[PDB]
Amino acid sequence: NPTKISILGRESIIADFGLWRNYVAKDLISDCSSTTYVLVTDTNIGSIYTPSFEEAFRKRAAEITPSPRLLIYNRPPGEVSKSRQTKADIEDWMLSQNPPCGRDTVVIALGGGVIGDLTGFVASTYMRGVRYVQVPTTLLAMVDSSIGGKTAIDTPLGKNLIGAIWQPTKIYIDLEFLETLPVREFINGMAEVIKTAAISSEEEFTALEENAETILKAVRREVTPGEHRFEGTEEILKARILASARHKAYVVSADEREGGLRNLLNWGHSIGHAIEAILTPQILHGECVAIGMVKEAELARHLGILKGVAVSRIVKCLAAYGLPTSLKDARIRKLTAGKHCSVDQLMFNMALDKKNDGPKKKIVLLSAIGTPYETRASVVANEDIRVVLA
């Protein structure tokens, strides 16, 4: 029943329904033995999911002597917490405990990419490094952010500029968390799923095109007492998620510290992050990546690398899931009331892209749905980039 996926030579990804309720606590106490467990989550999630876990935990810790402690930290939800200040706050709190959290500490990231990125980075530098596990609660985290070990905080200048590669000891993907995920967040996560399919398999991309309606309806439907939101589409949903997770695992395993191949997971992100730096926190990450994918596909077509028919196909697939495909989208306009991305500000933000080689900007170019132009991001001239943003 539990699907296991290996990454970087270790079988650390465990995926199934109900792992949180009756699996994680027990597995932690045995595979990640420690005297101190630190749970980091945000206030939205904390109130919904920590209770049953404290219980399951005490039940399993009782067996052990001396019994391990569980310390909980609740942070403000949203991109605002991915900051230097929040990192320092969690550190100081951990160092303040009695006794202080030491190097045997096991940190638990219970949440989406904001909590995962922040918690992973704290873990990576706490007394120079402690173990942590990821428990993704959003669709975006399950399929992308919780896997791979990249952690980071933002700064006023831009996205993920300070961080570290620090692999989690375990990654628990419990599909049950999606039951309570808001519709906008769920759609936001599909952008990474679509991105992953587009750089790896025409087939998977086709599958996403064919299940759009079915998925979107289950997500927007009103659930009656007793039934589950994804009642008749669990198999479909699980397949789409594991397909994304597996491909990411293969890529991370082949180029952990991004010397080449890993650049591909950044498709749509060169333009997407430049946009996010300006529109956050009103506009989400997946929504910015969606616009970035269309713009980067256009750039590839502009360079004679990608077919125009391919671009239209990417746009319609994104539109089919409710994701924005341009800065002129209606929502973007109202949600970012009083915010505009000028071509120059965007070009400025792109000079901060971590894939850039010195002053040369690098972008992932698709030659076809499921086929990258190269197994790395390519050098593109500023002039060419400007024409696509105009």
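Residue numbers count along the first chain shown, from 1. Heads up, when I say rigid core I mean the largest set of C-alphas that superpose within 1.5 Å between the two forms. What changes on going to the form deposited in another entry:
Just one of 180, 312, 85, 214 moves its Cα by 2 Å or more between the two forms on a rigid core overlay, and this residue is 85. After superposition on the rigid core, the Cα atom of residue 24 is displaced by 2 Å or more between the two forms. With the core superposed, residue 62 shows a C-alpha displacement of at least 2 Å between the two forms.
Here residue 336 does not count as shifted, since its C-alpha moves by less than 2 Å between the two forms after the core is aligned.
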The other form holds:
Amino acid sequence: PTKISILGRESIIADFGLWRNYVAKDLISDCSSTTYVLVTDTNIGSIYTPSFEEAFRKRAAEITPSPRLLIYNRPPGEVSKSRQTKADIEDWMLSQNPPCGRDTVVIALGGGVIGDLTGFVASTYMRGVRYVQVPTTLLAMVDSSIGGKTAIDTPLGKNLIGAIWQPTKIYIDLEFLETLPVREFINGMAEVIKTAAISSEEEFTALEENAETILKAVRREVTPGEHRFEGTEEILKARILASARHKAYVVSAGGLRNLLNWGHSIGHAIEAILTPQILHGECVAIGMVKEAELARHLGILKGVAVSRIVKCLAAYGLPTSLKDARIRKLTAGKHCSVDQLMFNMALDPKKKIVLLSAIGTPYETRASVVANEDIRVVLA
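Show the other one: the form deposited in another entry, since we just had the form deposited in one PDB entry.
Partners and other molecules omitted; one chain follows.
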């Protein structure tokens, strides 16, 4: 297994089959406790909780008295990232017999949604209890689960109420990617490509090479009794952990974290308009394409560089323009006026944007100051 230290500690454990042969075991020995609370939605749970309850029983049998495994399932969707669901899980935990104590270890089994909710639930339960991250979406494995940022949503916006509570462990089991819907896998790929583009040319080239292969496995129908990523196993692990590693690196450090926002400046503006029909990664993809175009316009990025960005994103199934087909269909031709975008970008004179002087090489070691008029030029 591959370990990626984060914040001066071992937190991340990444490899195939962790949820089957490792997690349970490791939790009982490194996260000693009498109460383990697994949280997940009905989609990912029905697929993975059974194998775990069993794997759990085997490890708990050897310990006495036997540690209990409590499970909580919530409806899928970001509808659970609410004040209501959090209170529930809390009252449910307090209603257990005996009530779940401060020794509780919470297991966040899911994506960004389950992740933020559970992480925040843990941070405040009796003023905080330990918890581990078990990212099931690609976007969660390389980004959302690394960092400790947790929160829920309110009818006035996303992530408005939450906390920064570092998970004790972060289990990255690449096998979760075997059942992850194709669209979701592609969505996460945006951040992976983003990470490379702001840190390593060689890594961005690896992504360029592997694209065809990865996408073949991600789409090919897999007959029961086989692994979706049969021969590409090592390639996938390398490309995905590279991103996770970077996120972990940045999180362990000032202006280095701003770079994690490349493509997000414009990206966020687009999403504010096209969500929830269009996904985060899908919007960031178009965001990277434009911010790259902005870098070119400002004379900081070369034409050749800009093309590969687009080419590489497309190669993975990500949208590169607001004019894309799918997007236009999924959003019945919604339109992002150059103004509404500049309005949104401000909801966050001049704008701060991450510019690239070349693939793998950031212009400044932080978000560069850019003038509005210069931004408005790449928004059409």
